Structure formats: C-alpha cells, structure tokens
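Chain by chain, the residues run as shown.
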Amino acid sequence: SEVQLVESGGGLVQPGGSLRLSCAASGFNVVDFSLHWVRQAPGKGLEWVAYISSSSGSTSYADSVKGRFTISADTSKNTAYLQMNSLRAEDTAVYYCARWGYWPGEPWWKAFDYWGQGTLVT
Amino acid sequence: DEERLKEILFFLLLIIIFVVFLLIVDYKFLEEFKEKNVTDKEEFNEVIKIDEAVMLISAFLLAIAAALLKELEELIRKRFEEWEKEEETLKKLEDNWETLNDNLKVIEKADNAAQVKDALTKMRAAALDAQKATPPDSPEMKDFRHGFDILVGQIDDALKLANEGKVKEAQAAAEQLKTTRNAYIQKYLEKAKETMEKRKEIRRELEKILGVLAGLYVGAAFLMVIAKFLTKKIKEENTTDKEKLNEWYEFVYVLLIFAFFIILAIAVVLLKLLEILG
Amino acid sequence: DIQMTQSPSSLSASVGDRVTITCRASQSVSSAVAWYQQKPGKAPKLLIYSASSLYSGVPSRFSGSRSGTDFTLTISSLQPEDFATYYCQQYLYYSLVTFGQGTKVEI
Ligand SMILES: CN(CCO)c1ccc2cc(/C=C(\C#N)c3ccc(C#N)cc3)sc2c1
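Chains as they are written, first to last, in the authors' numbering: chain H, 3 to 124; chain A, 1 to 135, 143 to 285; chain L, 2 to 108.
Since the hints were derived computationally from the structure, they do not count as laboratory data.
Note that CB positions come from ideal geometry on N, CA and C, so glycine has one too.
Label-pair distances were calculated between CB atoms; the ranges are:
1) H:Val8 with L:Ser53: 30 to 38 Å
2) A:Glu94 with H:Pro44: 44 to 52 Å
3) A:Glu81 with H:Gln85: 56 to 64 Å
4) H:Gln85 with L:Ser78: 45 to 53 Å
5) A:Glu176 with L:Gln28: 23 to 31 Å
6) H:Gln119 with L:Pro81: 23 to 31 Å
7) L:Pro81 with H:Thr124: 28 to 36 Å
8) L:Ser27 with H:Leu21: 32 to 40 Å
9) L:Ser68 with A:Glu94: 14 to 22 Å
Hey, can you work out the whole structure from these sequences and the hints?
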C-alpha cells in the first residue's frame, strides 16, 4: 500500500551516446497521473526535463533538450521511458521521475507529491 | 450578529416605550396636580419631585440607549467592512475577467504559436486566480466553480494544441472557451454585480438613517437638560406669581409634545432600520 | 518562460531561529507554487503546495504565504533535522515548470 517510483538505466556513458532511463511506478497506474522527468546537475538546482501524459499521449520537453530526448510510456507494464540521444557534457545529472495529478481538484494542486529515488547519468 | 442586531433594536424599542410611558405618567401627574390650582409648598416640593424622579430614571435609560446605539453602530460598521471585502474580491474577479478577455483578443489577433502559448499561459493564471477569488453553497456558486474547472480544462486543451504548432485549433479551442465562460460564469458575475450595487445603496441609506437617529438622540438629550433647567429655575426660585407659573405650565406642555414628536420619530427610524436589516 | 527568483541563495541559522525564504515570479502564476525540501543525497519531498497548503506528514512549523507574485516559506522553529535545500517551484502548466535556485539552510 505504498506509492513509489523507481528509476533505473542511468549510468556512465560516452558523450553523444544513447540510453533509455526507466521509471517504474507501483501503487498507482500511469493512466491518471502525468509523469515528469526532472534533472539536478551536480551541485546545481532542479531543472524540469520533460513530461508525458499517457491518457492523452501529450509529451513536452525542455528547450535545452528538445529534439534530443524522447519520452514514452507503457501502461501495460506501468512504466515510463526516456530515450536520451546525442548526449553532451551538460546532460550529466541526477534524473528524478515524479508524478503529477490531472486537472481538476487536489491531484493537480498537489504538484510533484511523489518523487523517485533518481538515477545518476554521467 | 444579525440576531444580535434584532435583539438590540428590540431592546431599544422597549427602552423607547418605557421613556414614553414615563413621560406620559409625568404629564398625567402634572395635570392632576395643577387642575386643583393649589399653591401649597408641600405639593410643589412633592408633585414636582415627581418630575425629579422621571428625569433621574429617564436619563439612565438614555445612557443605556446611547450605549446600545454605539454597539449598533459598531455592528453596522462590521457589516460595512464585510461588504467592502466582498466588493474588493469582486474587483479582483473582474480584473481576472478582463485579463481573460484581453488574452482572448490577443489569441484572435495572433499569427504564430508562441503568442498563442503566452496568451494561454496568462489566461490559465487568470482563470486559476478567478476561481480562487470568491468569498457559500448556492447553486450559482457551484456552477461558477464547475465552470472555471471546465474553463481551465479548455485552456489545457488549447495549450496542448498550441504546443504541437496547431494555431487554428488553438483559436477554435479559445472560441469554445468563450462559449463555456459565457454559459457558466456570466450569471454569477451578474448576480455579484447586482448584489454589490444593492449593498452600496443600502450602505448609503443606512449611513443616512444612522445619522438621523444619532441626531434625534442628541436632540432628545438636549430637551431633557432643558426640562431640568426649566423645572428648577422655577423650583428653587419658589416662584409665587400665577402668571409666571402658567407660562411655565405651557412651556413644559409644548416641550413635552415636542419630545413626543421626537420620540415617535425615533421609533419610526428604528422600525425603518429593522426593516432594512430584516 | 517564467523565472522563479529565490532569495537568499543561502542562509545560516541555528536551532529555533525563524527562517524566511522568498520567491518572486516573473509573471502571475496564481497560487500554483510549491515548496520542496531536499536533503543531501536524497530526492526532493513536497513540503507546501498551493503556496499555502501543508502536505500531509510535514511538521506544522513549516508554513507558506502568498502576496501577489511573492511567495514566502517560513520555518518558525528550526529543528536540527531542518537543514536542507528548499526550492520554490511554479507549476502553472505541465510544460511551464520552473524551479527556484534553492536556499541552503544550514545549522
Ligand atoms: C419639560 N419637562 C418638564 C420639566 O418640569 C420634561 C421633564 C422630563 C423629561 C424627560 C424627557 C425624556 C426624553 C425625551 N424627550 C427621552 C428619554 C429617553 C429616550 C430614549 N431612548 C428618548 C427620549 S423629555 C422631558 C421633559
């Protein structure tokens, strides 16, 4: 009876490489929560990377990473994926996956109520 | 609050009735004293120490009435402050309304997706504030909140379309937004505007009536001290002439009937304040 | 693009000292501002949402207030487990999410 998000797939990678980060959600299904990827550079603040709404299929990206990342989801196995391509030196960070409820009501107003453990990408 | 107001005016009316009963009893005693035309010192020192009792009690009743009037003024001021707060919230809601209309115009005149997205961001912030800007379980209130839920949902749809570069679909979503806004929030806006105008009119008329009531009380208080001055400028002087006496005997009758005109005016003003307050 | 300017960038306080963190929004974002706490090496957790609503489980010493585009986080009694980086974040829309620079409250 614990809602949690677990990130996986991050790690050391050469510049310009490709890796699919995964955010597996348990205790709740994706279909009623948008999933957001937010990165924190080493010693820097938080920065929103992308989100996906599986209910409507909408996906949006940060301007610094638009055109390089691809966010997708699989509701059958209740997971989200972020394919990272053409990686550069500023893409190294801890990536967290958070859930955000849908409008209207408390679910939307609660913002990122649950965050994942976050995975390091270098 | 409102029950306290009703209790105050009720008790003020009761005090008014007691002071008119005391005045008429004093008039009856004076009449029965001076019909016999008795110049005995004992009767004057006693049947006018009747005026002394009436003025001692009536003045204490006037003090109680003044305290009740001050409490009434404080409660009316609290009501006016509540109305001022509600008017301020309505002004904020109208400002959010104007922001929504301005950004709808911008969306209509826009040509690229960036302008549409910026206008929709402003619309969403304005709609969230307007939904929160409200002072409360009437059907119109629920329809207003639900209409703003649907309105922010339509803003979401327009933003989703704009983020894909579809400008025309964003304008179409904005048009549907206008239709939903008209069908849901306009009635509440009209009702709030009408209530605010009516409350401003009620405030003006109640400021006028309260001023009249305070003037009536101060005038009655001035008459009471004139009553004491006349009685003892005639009492302590142990007057003896019948002509000097008669003149006073009428002065007080005209003063007492003038106090009657004042006391009934106070009664009708209090009845007006009750009707206008419920 | 909405900027969310957080001040101060860092403050030093002791146990019990009232701590105030301020955030300015480049434009009106309604009350769609949340305050997150982050310990070193841990994910951010939600402290305040709707700019004034306290999330379940958060101690009541934490509080949030709004005044126009200014948002304030207040820790009335800084407890020894309250040293962390606090972030103001506006969430007006899904794709318009921006975070504050973060205030590092240290004991
Ligand atoms: C001229 N004389 C005769 C002198 O010998 C007198 C004597 C007593 C006297 C008392 C008076 C009192 C009122 C009047 N009016 C009054 C009292 C309470 C409230 C209220 N709440 C409202 C009104 S008037 C008055 C006149």
